[PDB]
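Novice: Spelled out, the chains give:
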Amino acid sequence: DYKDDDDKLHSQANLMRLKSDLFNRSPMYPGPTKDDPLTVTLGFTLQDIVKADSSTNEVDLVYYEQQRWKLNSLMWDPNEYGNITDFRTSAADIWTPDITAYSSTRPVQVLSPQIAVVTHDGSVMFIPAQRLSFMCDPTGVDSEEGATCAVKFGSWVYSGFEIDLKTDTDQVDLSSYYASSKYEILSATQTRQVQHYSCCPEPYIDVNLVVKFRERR
Amino acid sequence: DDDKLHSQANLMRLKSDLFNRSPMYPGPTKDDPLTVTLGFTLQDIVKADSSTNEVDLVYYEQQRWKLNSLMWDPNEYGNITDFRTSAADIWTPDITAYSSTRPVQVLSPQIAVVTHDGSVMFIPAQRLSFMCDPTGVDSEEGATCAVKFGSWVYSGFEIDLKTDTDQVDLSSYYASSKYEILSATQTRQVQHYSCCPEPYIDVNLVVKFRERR
Amino acid sequence: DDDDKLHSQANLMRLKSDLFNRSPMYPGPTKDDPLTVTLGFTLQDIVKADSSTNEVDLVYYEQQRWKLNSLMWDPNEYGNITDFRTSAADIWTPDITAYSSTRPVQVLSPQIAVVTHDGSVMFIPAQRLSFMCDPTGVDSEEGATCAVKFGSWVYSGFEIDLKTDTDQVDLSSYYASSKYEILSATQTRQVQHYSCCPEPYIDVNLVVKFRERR
Amino acid sequence: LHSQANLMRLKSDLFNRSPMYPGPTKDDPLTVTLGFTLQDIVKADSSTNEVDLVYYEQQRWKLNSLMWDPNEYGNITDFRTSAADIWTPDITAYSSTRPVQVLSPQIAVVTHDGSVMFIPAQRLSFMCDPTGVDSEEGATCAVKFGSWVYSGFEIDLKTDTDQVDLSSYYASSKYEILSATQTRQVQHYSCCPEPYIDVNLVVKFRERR
Amino acid sequence: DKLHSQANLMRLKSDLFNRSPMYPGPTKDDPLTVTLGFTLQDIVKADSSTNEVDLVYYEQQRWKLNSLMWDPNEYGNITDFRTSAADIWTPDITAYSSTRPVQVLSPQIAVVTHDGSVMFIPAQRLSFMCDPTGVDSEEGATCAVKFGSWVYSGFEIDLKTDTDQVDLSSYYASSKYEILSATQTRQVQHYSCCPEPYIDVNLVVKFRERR
Ligand SMILES: Nc1nc(Cl)cc(N(Cc2cccnc2)Cc2cccnc2)n1
Ligand SMILES: Nc1nc(Cl)cc(N(Cc2cccnc2)Cc2cccnc2)n1
Ligand SMILES: Nc1nc(Cl)cc(N(Cc2cccnc2)Cc2cccnc2)n1
Ligand SMILES: Nc1nc(Cl)cc(N(Cc2cccnc2)Cc2cccnc2)n1
Ligand SMILES: Nc1nc(Cl)cc(N(Cc2cccnc2)Cc2cccnc2)n1
Ligand SMILES: *[C@@H]1O[C@H](CO)[C@@H](O)[C@H](O)[C@H]1NC(C)=O
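Residue numbers (PDB author numbering), protein chains in the order written: chain D, -8 to 208; chain E, -4 to 208; chain A, -5 to 208; chain B, 0 to 208; chain C, -2 to 208.
Treat the hints with caution; some may be incorrect.
[What the hints assert, rightly or not] Quick list of simulated restraints, FRET-style, between CB atoms: (1) B:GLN105 - D:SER171: 44 to 52 angstroms; (2) A:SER17 - E:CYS191: 21 to 29 angstroms; (3) C:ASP159 - D:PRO192: 47 to 55 angstroms; (4) D:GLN105 - A:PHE14: 45 to 53 angstroms; (5) D:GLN105 - E:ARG183: 57 to 65 angstroms; (6) B:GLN186 - C:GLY113: 49 to 57 angstroms; (7) E:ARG183 - D:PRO192: 56 to 64 angstroms; (8) C:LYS157 - B:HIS1: 25 to 33 angstroms; (9) C:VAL185 - B:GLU206: 29 to 37 angstroms; (10) D:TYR(-7) - C:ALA4: 42 to 50 angstroms; (11) B:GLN186 - E:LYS(-1): 53 to 61 angstroms; (12) D:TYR188 - E:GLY131: 48 to 56 angstroms.
These aren't lab readings, by the way, just hints derived from the structure by calculation.
By construction, the Cβ of each residue, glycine as well, lies at the ideal position given by its N, Cα and C atoms.
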C-alpha cells in the first residue's frame, strides 16, 4: 500500500526520466536519408463514406490511417527504467512521416487526439482518424455495379530512396464500417505501387486505396 | 482588504508549486492506471441530415479523475480547498467520439476545477456531428442513434471509465428543439478489437428521438 | 516638444512593466475575493433565423466591466497617465459564455481592453452568435420570442456576480435595414439553481422579441 | 555583400534593442491614412441582408521610433517585415457579420523616414439590404471603418481622396459599380466628450446587363 | 555508420541555421529570381451565381541563395535535405484575385540542395474571380488569375516560368470539366499608383463542361 503507493510515484519519475534522455540527447530525428532510409507501414480502416457529390465530383471519407515505423534514436532498455516497455506521447514531440492524399480537394480534418505510442525497440505507432474530401466521380453509385474511386497516399517530399512504404495486407479494414451509411462498400483495397517519372531517376512509392461502393437500399 | 492580497498570493503560490516545481503528470500506465468518470448532459439535437446520415448534437461532457500529484493540504495555503485553472495547465484525458464526422467544436471555456484531494472536474460543452441514420424520425416510434466515447490511445488497463448513472441528464434539454427526446442512455462497455491485444472501454450513448409536433 | 512624447512612451512602457511583471496575472476570483462583472449588450442585427434547425444568429457588442486592486496605480508616479489600452491577452478576462450557443462564438473586433488607474477594466468584444431559438411566429404581428443566458461557465455566484446597468438592451445601433425588426430586447440579472450544482449561478438573460420587417 | 548584414543590423536596432512603441496616446497621437481598392462584390444575399466584398485596404502611418539614417545602415532606404514584428492599427468594419478573411501575406513596408505601409487584402461580410440591385437605380450600401478602442484624440483618420479606387475592379463581376466613396467623418456622440472618426465606405451597384 | 550520416546532417542543418542567420529577404541591391510553375489538378467547382471558380493545383517554387550552399565533402557527401518551410525564408507569392483564403493541401516542407537552391511545392485549393459564362458550350469558358509577390516589386523579386505551358499530366481524368488550354505567362508593367515595375505570372485557363 504505502509500499504500493511509492511504486506509483517511482514509475512516474522513471517515465519522465526516459522522456528526458530520449527527447534531448540526440535531439529530434532530422528525417530519413538515402544512407539511412525509413520503411513506413501504412494501413486503412474505413468508417464511412459520408457524402458523394456528383455536381463537383468529390467524395468525403471518414477513416483511420494506421502508420508504423522504427527508429534507432528511440531505442531504450526497459531495465534502466523500471520495466517501461512503452509510453504515450504527443505527436509533435516526435518526427512523423509526411503521408498525404495526392488528390484531396480540401485540407484533411483530424478526428482523434494527436498522440502516438513509442515502444522500447524504437518502433512507433500513430493512428490519426480523419475526414478526407478527394477527387472522385460517383457515376454508377445508384446501380447494382456501384461506383469506383481511387486515392493515392504517399510521402510528399521523400522519394522511394528516402521513404519506402508497405502494407501488411491489401485488404482495407472494414470491421468498423458504419452499418447505416448512405453507401455500402462493395470492396476496398490498399495496394503498394512503384512508378518512375521520366525526369529524375528516383522511384516513387504510394499506397493506392481503391473503393467500390453503392447506395445502401 | 489586506486579506484579499494574502489569499491571492496563496493561490498563486499553490498553482506555482503544483505546476512549476513539479512536472506534468505523464498520463496513466499499466502500473499507474487511471479511472475516468463520464456523464453526459444533452442540450439539443440541432440538426438531422438524411442525405448523409449525420446528426448534430450539442451536449455537456462531464469528466472526473483524481491524481495524487495534484493534492495539497489546504492549511499550507490559507485554507484554499479548490481553484480554477486553464485546462492547458494540467493533464486531461483523450476522450473521443469514435464515430464523429467532423472535428468536435468546443463551446465553453477550457477551464477545469481542481480540489485539494487531487480530484479534477472538467466539463466541456460541445457540438458534435456523428454517424446516424435518422430514418423514422418523423414517426411516433422515432429514430434511434448511438455513439461511443472512450480513450483513443489508452486500453482498459491504462484508462478505465465509469458512469455514476446510466441515464443521460435531460434536465437542460432545449424545449423548443426541432426534436424531442424519447430516451437517452449512457452505458459502460468493455470490448475486444482485433487491432489491439487489450480490451478497450467505452461509454455508449444511445438516443431515441423524433420530430416534435 | 518632441522630448515629451518620448518620456510619456517611457512612462507607459514603465507602468505596463510594473503592472504586468512586478506581479503575475491575477489568478481569478475566489469565495474570499469575489468579483462583480457588469454586462451590457448592444444588439446590432439579427442576421439569420433558421426554422429548420431552430437556430438564430445574432451580431452584438458585449460591454464587460470589472475592477481589480491589482491593476490600480498612482497617475503622478507615471506622468499623469490615467489609463491605457492593452491586448486582452495581457490581462485576465472573465469567461462569459452563452449557455445555449450552438456553434463557437465568432469575434468581430480587435481583442483590446482599456485599463484605468482606479483598477477598472472595460472590454467590449463584438460577436456573432448562433444559439437555440424557435423563430415560430416571426411572420406574425406579435413576432417571435427568444432568450439566451450569459454567465460564467466555471464560477458560481460565490465567485462571480453579474450585473446590468439597465434591463434595457441598447438598440441604438440596430441595423435599420435588417430582415428583422426589434419589438423588445431585455437584459436581466437572474439567480439560478441548477440540479447539477449546490451553488447558485448568476446569469444575464437576454430576451429578444422580433418579427420580419415588412 | 555586407548589405545583408546591414539589413540584419537595422532590424535589430529598430526591434531587438529599441523599446518598441506601446501604441498611440493622447500625449502622442497618431494619424493613419486609409484607402480602399474595391476588387469585387462577390455575393449579395437578400435573405439575410449580407453582402460580401473583396478589397485591398491601404493603411499608412509614421513613427519616430522607426526612423533611421540610410547611409548609417549602408544606404538602406527601406525594408519588409512581418506585420507581427511591428505595431499595427486596430481598424475594423463596424458592421461586419463575420470575421474578416485575410487574403494577402501579412507583411508591411517600412521606410527610413519612419513611415509604414500595410495593405491587407480582405473578404468582408457586412450588413446590407441589396434591395433594388436588379433595378437600373441599383442598390446602395455603407460600412464604417475605424479604430475600435482609440478615439479621435489618439488616432486621427485621413484619406488621400474620397474616391474608392476601382482600377482593379473585376471586369466580369456579377455586379457593376455605379459609385464608390470613402469619406472621412468626424463623429461626436453623447456618452462621451471626445470626438470619434470613421471612414464611411458607400457603394452603389447593380446586376450587370 | 548509418549512425554517422544522421549526425552529419544534424550538424549541417545547425551550421546553416545557427551561425548563419537566415536571409533577411531580397533587396534592390541583391534581387532574387523566383521560378514558378503550375500543375493543374482539377477545376472542382464553377459558381455562376457569384462568379467564383475553385481550382486544385501544385505550385512549384524554386529559388537560390548563397547563404544556403555548402560543400558536400565538409559534411559527408550530403547533397540535399528536407526541412520545414518555416525554418527558411520563402517567397510571399499570392493569387491577386482570390475570393477566399487559399487552403493548403500538402505538408509545408522544402527540399534544399547544396548549391543553395530550394524547391517548395505547396498543393493548394484556390477560389478566385471567374465568370464561367459559356462553360457549357463548344467554345467553353475562359478565366485568368495572376500570381505574384504581394510586398516586393520587380526591383526585389523577379519572376520566371520554366515554360509557358501549365502541366496537365496530373489533371483529374473524370473532372466535371475538361481543359481546352492552360498557360502561365510572365507579365511586367507599371501601375498608376506606384513607380516601381511590377511582375506577375498570369494563369489563363480555358475549359468546358465534360461531354
Ligand atoms: N518535382 C516535383 N514536382 C511536383 Cl509537381 C511535385 C513534386 N512532389 C512534391 C515535392 C514537394 C517539395 C519538394 N519536392 C517534392 C512529389 C510528388 C507529387 C505528386 C505525386 N507524386 C509525387 N515534386
Ligand atoms: N492498433 C490500432 N489500430 C487501430 Cl485501427 C486503432 C487503434 N486505436 C487507436 C490507437 C492510437 C494510437 C495508439 N494506440 C491505439 C484504438 C481503437 C480505436 C478504435 C476502436 N477501438 C480501439 N489501434
Ligand atoms: N456539475 C456540473 N454539471 C454540469 Cl452538466 C455543468 C456544470 N457547470 C456548468 C454550468 C452549465 C449550465 C448551468 N450552470 C452551470 C459548472 C462547472 C463547469 C466546469 C467545471 N466545474 C463546474 N457543473
Ligand atoms: N462606451 C462604448 N460603448 C460601445 Cl457599445 C462601444 C465603445 N467602443 C467601440 C466603438 C464602437 C463603434 C464606434 N467606435 C467605437 C469603444 C471601446 C471599445 C473597446 C474597449 N473600450 C472602448 N465604447
Ligand atoms: N501602393 C499599393 N497600392 C495597392 Cl492597392 C497595392 C499595393 N501592393 C500590392 C499589389 C497588388 C496587386 C498588384 N500590384 C500591387 C504592394 C504593396 C503591398 C503591401 C505593402 N506595400 C506595398 N501597393
Ligand atoms: C515489465 O515488468 C515486469 C515486472 O513486473 C517484468 O518482469 C516484465 O518482463 C515486464 N513486462 C514485459 C512485457 O516485458
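Novice: Run every hint past the structure and note whether it holds.
Specialist: Against the structure, the hints come out as follows:
The beta-carbon spacing between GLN105 of chain B and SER171 of chain D, approximately 45 angstroms, falls within the hinted interval of 44 to 52 angstroms. Taking 21 to 29 angstroms as the suggested C-beta distance range, the pair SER17 of chain A and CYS191 of chain E does not conform, at roughly 50 angstroms. About 20 angstroms separates the C-beta atoms of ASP159 of chain C and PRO192 of chain D, a value inconsistent with the hinted range of 47 to 55 angstroms. The beta-carbon spacing between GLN105 of chain D and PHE14 of chain A, approximately 33 angstroms, falls outside the hinted interval of 45 to 53 angstroms.
For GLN105 of chain D paired with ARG183 of chain E, a C-beta distance near 26 angstroms fails the hint of 57 to 65 angstroms. Taking the beta carbon of each, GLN186 of chain B and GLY113 of chain C are about 55 angstroms apart, inside 49 to 57 angstroms as hinted. A C-beta distance of roughly 57 angstroms is found between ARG183 of chain E and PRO192 of chain D, which places it inside the suggested range of 56 to 64 angstroms. Our hint of 25 to 33 angstroms for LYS157 of chain C and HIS1 of chain B holds, since their Cβ atoms are close to 27 angstroms apart.
For the hinted restraint 29 to 37 angstroms between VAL185 of chain C and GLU206 of chain B, the CB-CB distance of approximately 35 angstroms keeps it satisfied. Remark: the range hint 42 to 50 angstroms for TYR(-7) of chain D to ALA4 of chain C is upheld by a beta-carbon distance near 47 angstroms. The given range of 53 to 61 angstroms is broken by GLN186 of chain B and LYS(-1) of chain E, whose C-beta atoms sit roughly 41 angstroms from each other. Distance hint for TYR188 of chain D and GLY131 of chain E: a CB-CB separation of about 52 angstroms, consistent with the stated range 48 to 56 angstroms.
Violated hints, in rising order: 2, 3, 4, 5 and 11; the structure is consistent with all others.
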